[PDB]
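In structure tokens, one chain follows: the form deposited in one PDB entry.
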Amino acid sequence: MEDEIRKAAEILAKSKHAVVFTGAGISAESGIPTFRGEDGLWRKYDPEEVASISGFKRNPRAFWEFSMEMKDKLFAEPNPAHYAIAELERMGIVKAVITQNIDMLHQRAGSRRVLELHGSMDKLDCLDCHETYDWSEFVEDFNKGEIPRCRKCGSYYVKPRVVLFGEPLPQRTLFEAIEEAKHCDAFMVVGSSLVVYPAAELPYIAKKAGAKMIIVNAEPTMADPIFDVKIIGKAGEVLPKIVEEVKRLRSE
């Protein structure tokens, strides 16, 4: 059973307002590659021109062609980990999910409260005429290698609602996440290296507030010491185990 998974369930089974923070690691088992080798990535492309709002206004194609070359799974679906977290919310334990991912796999899995720190691929906006579109109107053409283009004014500046270099983090969502970390009674990290703000700081904020800390990651992080329970392994495998044990403790 492993003492780690049991204690995690022991903690969750006792909390009425738990919060889950997730990073790229929770979507690896869905087919979406993590941020591994980001250093090298910036050796092939100028981050300023292909991934900043400034480079986007200067030439939209750089961003889109850059995305086409790197984006792998466009029709990925939530894996067991996402569902486990949605089941936890239905059970009255998890009250919120804070994620850095832009894949929306938490919502598609049933989570009702998802705070997206880096935005998402849900919608796009034409910067010239202000038409808005759902990612679904372009997905197929994009997978065929076609740069999205406004169907109303024909502009090529159709920007997705994700945070790019040079623009601020969504303040109000960030505000809600921090408040979340301050009043939760259990804070669990899943698939995040916790290296950069806000991922790197939210755990410490919840820790100061008195929350019980749990982490499930494939590799250790520098924040591991503050966690009450830390599990090494895959989210898609560990999460469903924890939920089962919580149900067992509940019905007993």
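Rigid core: the largest C-alpha set superposing within 1.5 Å between the two forms. Numbering follows the first chain given and starts at 1. First, how it differs from the form deposited in another entry.
- In a rigid core superposition between these two forms, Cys150 is the single residue of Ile178, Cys150, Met121, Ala86 whose Cα is displaced by 2 Å or more.
- With the core superposed, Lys73 shows a C-alpha displacement of at least 2 Å between these two forms.
- Once the rigid core is overlaid between these two forms, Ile205 does not reach a Cα shift of 2 Å, moving by less than that.
- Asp224: CA moves less than 2 Å between these two forms after rigid-core fitting.
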Contents of the next structure:
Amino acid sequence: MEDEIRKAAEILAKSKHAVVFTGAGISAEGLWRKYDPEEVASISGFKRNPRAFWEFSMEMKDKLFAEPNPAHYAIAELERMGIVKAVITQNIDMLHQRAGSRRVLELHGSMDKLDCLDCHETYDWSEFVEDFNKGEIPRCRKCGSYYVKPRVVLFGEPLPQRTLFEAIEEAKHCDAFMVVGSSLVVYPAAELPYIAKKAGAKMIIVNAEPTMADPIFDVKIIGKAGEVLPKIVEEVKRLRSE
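Got the form deposited in one PDB entry; could you also share the form deposited in another entry?
Chain only, nothing else included.
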């Protein structure tokens, strides 16, 4: 990746409007999973078994309570340098903002806000996180319903149109598009790199494993984001020195 990292840094260095696209892989992490996200984290599943969704979240607490890693800081640095103008993410933990990124387009929402499906009461995550931490499943303090849904896009749910539009435009007008930690198997998000490819942007991908979209990237890197990204950023700094 020595050569690739250098090449990736060279593209970003010259770009005028780079966009980053991140997935679950940005964070390094029986055989089959006890909780199948396509079921417990699907809208049909939630409208039928809300508690299953929360039990699943609790099992993923370490990831939900994870803090920014070097990849998030590297990405925030690239924006600060004016090289990265937008970060499109499928993630819902707000780690990009928590790391310093400003223009973050959350394709799938975030845990920040929640609504009771039955009485429509809205809540802030801060109102349930302490219960959630001790294994208590959030329940509406108004009507007692277990249908307390966070404003995150579940499988089978339409993505927020406002965010989707801006993400599409960023892809349509960027001159460099870098995928970080995304296996690109979640749609419609997975279509954004292709829109950028169609736009003529230079393509870069950093992922632990190869993807079916790999063929369209100008530079491909296999590895952990948290280890790869800072390396790139450091090579970008040198390209912007005296």
